[PDB]
Structures are given as structure tokens and as C-alpha cells.
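Just one protein chain is left out here, and the rest sit where they should.
Here the chain labels run A, B, C, D and E in written order, and each chain numbers its own residues starting at 1.
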Amino acid sequence: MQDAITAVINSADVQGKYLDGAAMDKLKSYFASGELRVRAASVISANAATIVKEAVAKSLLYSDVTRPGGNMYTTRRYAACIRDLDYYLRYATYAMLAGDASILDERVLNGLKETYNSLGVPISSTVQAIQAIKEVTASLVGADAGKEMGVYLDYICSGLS
Amino acid sequence: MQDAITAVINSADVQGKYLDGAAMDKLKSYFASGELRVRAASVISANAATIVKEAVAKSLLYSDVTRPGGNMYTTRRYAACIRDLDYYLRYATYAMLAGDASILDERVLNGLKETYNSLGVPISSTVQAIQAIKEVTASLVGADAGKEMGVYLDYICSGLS
Amino acid sequence: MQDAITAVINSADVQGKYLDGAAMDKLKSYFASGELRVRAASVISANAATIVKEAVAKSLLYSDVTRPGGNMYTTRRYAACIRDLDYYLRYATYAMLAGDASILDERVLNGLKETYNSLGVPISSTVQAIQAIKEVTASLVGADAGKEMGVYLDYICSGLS
Amino acid sequence: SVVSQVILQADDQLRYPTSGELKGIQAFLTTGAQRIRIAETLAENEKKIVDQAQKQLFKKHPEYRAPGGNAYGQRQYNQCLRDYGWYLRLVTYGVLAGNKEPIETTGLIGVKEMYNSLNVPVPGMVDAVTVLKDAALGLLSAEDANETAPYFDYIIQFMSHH
Amino acid sequence: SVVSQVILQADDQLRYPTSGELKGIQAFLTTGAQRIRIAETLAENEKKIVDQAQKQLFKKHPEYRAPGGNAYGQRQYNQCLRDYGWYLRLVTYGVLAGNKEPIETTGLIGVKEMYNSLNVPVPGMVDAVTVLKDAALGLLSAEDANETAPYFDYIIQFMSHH
Partner (left out) sequence: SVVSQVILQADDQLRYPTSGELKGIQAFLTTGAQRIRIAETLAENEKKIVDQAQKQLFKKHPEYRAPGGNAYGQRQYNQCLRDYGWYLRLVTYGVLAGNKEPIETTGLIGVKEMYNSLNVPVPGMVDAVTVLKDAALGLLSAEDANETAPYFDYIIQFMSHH
């Protein structure tokens, strides 16, 4: 994985260059965004279980997905689904903190689509729940932090589709 | 794996239904077949080595398969082949006892065809030997148990082809 | 793996035959080549680091490969490349000693091309370095041993292409 | 069922089932008619059983249907009754299989994680299945009640422990 | 052969062969002419060797060719003689390789499982190879018989154990 600083450093290193003005401007942007990112990470950590249960209530409960024939039927599958959502929120928070999506490619999305397809986990419904996580999260961390989290939750969704 | 009872239960569960009359009739048939299945399993267990050596004598011995260039040539390959036949008989007996072929899909056939084709193990000759196992088994457990064992030995053969 | 003797034995065994005159002639050739092979193995072992160092200097140093954007840039990749060359020399020496390339198929080339293409390791430059290893080795072990080593170093190159 | 369990043990040990294991299977399979009678009696009486059970449950726990309670309001209360019918159905599966496996795989593994996420009190579920057991066993003969009680008990113990 | 054995040990230890291992290879490769002479002598005399051996074998074990015996009847007896020629052939491979490997991989791993499945007595095979050894070594010089005896002994010992 890389965070936003290592990403800019790597782009320079592979050219054998010191960081130029444009590169330093990218670092300045990330350094200045520190308070935003750290506060949002603290809020999400403190509210992680609530965010997931509210997202599930909005997007999945009382639907076909939780009835026999649906992929959340059986307590075992219900719990597995919740666990997935716990994962997506935690890893999106990592990526938001890092200002970089690489940890998502390396540790979330790698072979995930094939795993779901083999098991019959519905992509459409999963993406709907992640989108619900995005909106619940935004209601708590505010508009500006909500946008950053939205980038990385959207990233996971795009990677599944 | 499932046995015949769990298979009927699962068909009901995925619909969120109690077992109806047709489902209960399937269970009744399986419960009534208990004596047949248990007796056959005891006979096969007691005679497992004899069944395999007699099948081999009928289908593979004195043929091209056991001469140089054939896949049973060398004591190492001869013994490996016997071991496969021991497997097929034991797992077919499990499936017969369970009244369900799922254990064959999960624990015998999974990746087996690919394994044989990579090693050069002849499918045709393997199927001939399993068919010989079916007929020797039938001679010992009788006509009726012989039919049940035949279903599951045939299942393995179809899975290889 | 097989050495030259086991290869000839296997060719006879799969036919169920004693070794005929032509087969014995192959064995005689290998037995007679013993002094050549053992001396070369001793020389290469004693000079393995020098051979690789000199090959790299001839084929890779001061080129695009060792500058940013090239696959040997960074001390980590530089050292990994050297380690590969150490491998190729050692396994070619095994194969030369055995008078048989099977150890190369089994322990060097197996999945190697795919590994390199996944990592972005350049095949062209690797093959150039191995060819340089061939010429440095030939300068030390002489013309006759050089030819034998050349067979197995060329074998590795063909396997990468 | 009982049969699968024996087979999994045998396969683990690379062996045929033992004479003892086969005798156990034989004994299980001769008890089929009783198990089917129990399953059909519970199925036929589901509405009556669930009604008796929910009446006792909410007499003990009226707070569940008061404001702020998890079963407050008709849609939520009706979903509780739905769950009740589902656990009764799982008990019939257990009785037919002769073991807890179909109950565990469908209704117990992850059950605490699920109901916690739903804000349904797990001790409430323990109390619910306890009076479900009372209602169901009351419709069976003494012999059949004894056969059936451990399947309810398994659910109750599972929801109580760890 | 001796060469591949050294190479496998070296590879296991991520190293070149040692000076000692190389000296051992050198010594093995200069003994090639002797090994080839032994191999050709046994090949040339196969029919005579197997005939002497089978005569002694069935003088000791006439029950093998009596009714109910594994070698009863011409087809079965001839298959024993076939096997005899195969083990003689494997011994020549062992002598050429300078180790037991070609004998073991073709004729010893799984040999007891095979002959048990065929109802051929493994102690009969031990006795068979013992008198095969006698017949074969009798046609070699003292020096060559000493070189060759360990390959027969390896077969005999393998079939006696486990």
C-alpha cells in the first residue's frame, strides 16, 4: 500500500527526480487535510457498528434478500454479510486516512468479484448497501469528510461492478 | 455433504416451508431403506479388498495397461491404481448409505478429471475398472442393494467422462 | 529430475527392454565425459560470483535497465536480479553435470515466464545477461566445457522466450 | 443427519463405518415414523402454538411492545411472530434429522450477531423460545414431547451461552 | 544415478556440489565399462539365468504350482517367468546407475501391495529373487559378482520388510 505522500514520492523516484513544485503542492494539500481526516476516522471508529446497522436497515431489511432464496437468509449468511460491511467501512476509512485507494486494490478488491460470483453473493445488493453506508457516514462526519469517504466507498463499488 | 434427509430438508428450507406430503414421502422411502443400506455397507466393508482385486482381475490384468507403456506398469503405479479403486468403493458406499451423491461431488470428483489428464491416467480404463467393481459388488450384496451401489458407482464414472 | 544415465534407462524401461547397443553407446559417451564435466563444475563453483559480476558489467551496467524506470533500478531490484543470475548459473551447472536438461524444466522454468510477466521483469534483458554468462563461463572453462554449459544456458533462454 | 455425521467421522479416519456406527444408523432409521408424526403435528398447529407462545412472551415482556421497544408497532410485532414460526419450522427439521445440525446451520450460527444488529434483545429470544417450547410440547404425547424437548433446549442453550 | 543424487543434495542446500561429492562422481564415472560389461552379460544370459532360478524356486516351493497355488497352470507359471526376467532387467539398470533408484521406482515401491492383490506370496518372491541372485552371480567373474550382489540384496531386503 501507499499513502498520498508515498504515492507522490514514487512518481518522482521512478523519474529519478526531486519533487517539483506541482508535487509539493500535492503534499501541501494532503498535509492541510490532516484535521479533516483524523476527525472523521475517530468518528467512524466510535460509530462503526451503528453506521452498518443503519445502512442495512435502509437498504436490505424487509426485502427479498433476507427471505428464503435470498442470500442473507439464514443467521450464518446474515452475520457474514454484516461482517463484509464492517470490512468495507474499516478499509474505506483506512483509504480516506491515507488519501489513497491502493490499500483497497491490494487488500479488499483482489479476487473479490470472483469469490462473490462463485458463492452467489449478489453484487447489486452489496453495492446498494455500501452506497447506504456512504450516506449514513456522511450524515455523521459532515459534508466535507463525507465527500472523501464517498470517494473510497464508491471506489469499492466500482471495483465490484 | 448431505444425506437424503438433509437434501429434502434443504429443498423445503430455501422456500421457508414445512415439509409437505411429497417431501414426507421421500423421507419415508429413505427411512424404510435403512436395512438394505446398512447390510450392504457391512458386506462391502468386510469384503472391500476382495471386491477390488476381483474387479482388477476382470478388467485390467493381462492387458496393455499393465505392460510397459501402460499406466499400471511399475509397482508404484500399480499400487496407486489399486488405491484409487479402494477410494471409489469406499466413497460409493458412503453415498449409498447417505442415499445422496453430494459427497461424490465434494470429495471425489472435484478437480479429478484435470488431475488424471495432467498425469496421463487413462479415463477409459479407470471407468472399465469401476464398472467391474459394480458387477462384483452386485454379486455379493444382491440385486437390490446392487442397484443402489450401481447408481453411485455409475455417478463417479459419469463424473470422469 | 534425471541425469543422462537415468534418461537412457527410462527410455528402455518404458519398452520393457534391456539397453541395446545404441543405448550403451550413449552411456559410454556420458561416462567418458566425466572429467570434462567435473572439472568445469569445480571451476564454476570457485568463480561463480566473478562470472555473474562480469556478465552484468558486459550486458546490463550503464544501460537504461539500471536507471529510473528500468527494472534494475533500486538496490532491492538490483540485488534480486543478481540473485536470479546466481540461480541460472548454478542450475545450468547442475544440468551440465547431469548431461540432461530435466532439472531446468522442473526447477527453473516452471511458471517462470508468467512470474516475470506479472512482475514486469524484462525477458529480453534477462536473456542478454544469461548469454553474457555463457561467454564469460566459456572464457574460464575452455572451449569444450564451454559448449556443454552453452547448451544448458541456451536452454534456459529458450524457455523464457 | 445422524447418517451424515457417521460418514464424516469415517471419512476423517479413512475407513468404513464401524459395526457400532451402522447399528446406530439402523436404530435411527427405524424411528422415522415417529419423527414424521411429530413434524406434521407441529406444522399443523403452528398458528395455535405461536399464538400461545407470543401471549406468554409479551405478558412477561410488555416493554418489548412499548415505545422504544424492539417490537413496538404492528410491522415489527408481526415480524417477531414470523421469526417464531421460523424457529418452530427449524425444530421440525431437527426432529426429522435426529440432530441439531439443520437448526444450527440455518438459525443459530451468527444468531447473536444478527439480533444484536437488529436491536432485538437476545435474552428476549431465550425467553421467547422457552415459551414456544411450552406451547409446542403441550400438543404432543408424553413420549413425543420427550423426543422433541431437546431440540428446543438446544436453541435455548445456544442463545444463552457464548 | 549417483550424479543426480549429488545434485539433489546440493540443490537442497542451495549450493554447488562439494569437492568431495565431485570426486565421488568422478570415481563413479570411470567405472562405466565394468557396469556395461555386467549389464550385457546378464542380458545375454537371461533365459539361462531365469531357467536355473525357476528350477530351484519350484523345487523348494512345489505347492506354488499345485492346485490352489498362485502359479498353478501354464499361463500363470509363464507370468512368473516373465516377472523373473523383469527383475533381472531392473538389476542391470541398478548396476548401470550405481544405485538402487531405478530398481526401487519401477519394481519395489508398492510391490507388496501389488503382489498381495495378486495372491502371490511375498515370501515366495523373496525366495525367488534369492535363487535368481545365485544363478546370475554364477555367470560373472568374482569381481563382477561382488559388484552386482548388493543390487539383488537390496530387492531381497526390501521384500522381507514392511
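Following the convention adopted for this analysis, contacts are C-beta pairs under 8 Å (C-beta built on N, C-alpha and C of every residue); 3 or more make two chains touch, one makes a residue touch a chain.
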item	value
Options C:24, C:52 or C:145, residue touching the unrepresented chain	C:52
Touch with the omitted chain, as defined above, among A:97, A:133 or A:157	A:97
Touch with the omitted chain, as defined above, among A:44, A:81 or A:132	A:44
Missing-partner contacts on chain C, residue numbers	49, 52-53, 56, 74-80, 82-83
Chain not shown, touching residues in chain A	1-6, 9, 12-13, 16-19, 24, 27-28, 30-35, 37-38, 41-42, 44-45, 48, 90, 93-94, 97-98, 103, 107
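In this text, only the chains that are shown with their structure count from here on.
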item	value
Distance from chain D to chain A - Cα centre to Cα centre, in angstrom	38
Centroid distance [mean C-alpha coordinates] between chain C and chain B, Å	48
Set of chain C residues in contact with two or more other chains	13, 16
Junction residues of chain D, two or more chains touched	106
Category of the chain touch graph - line, ring, star, complete, other	other
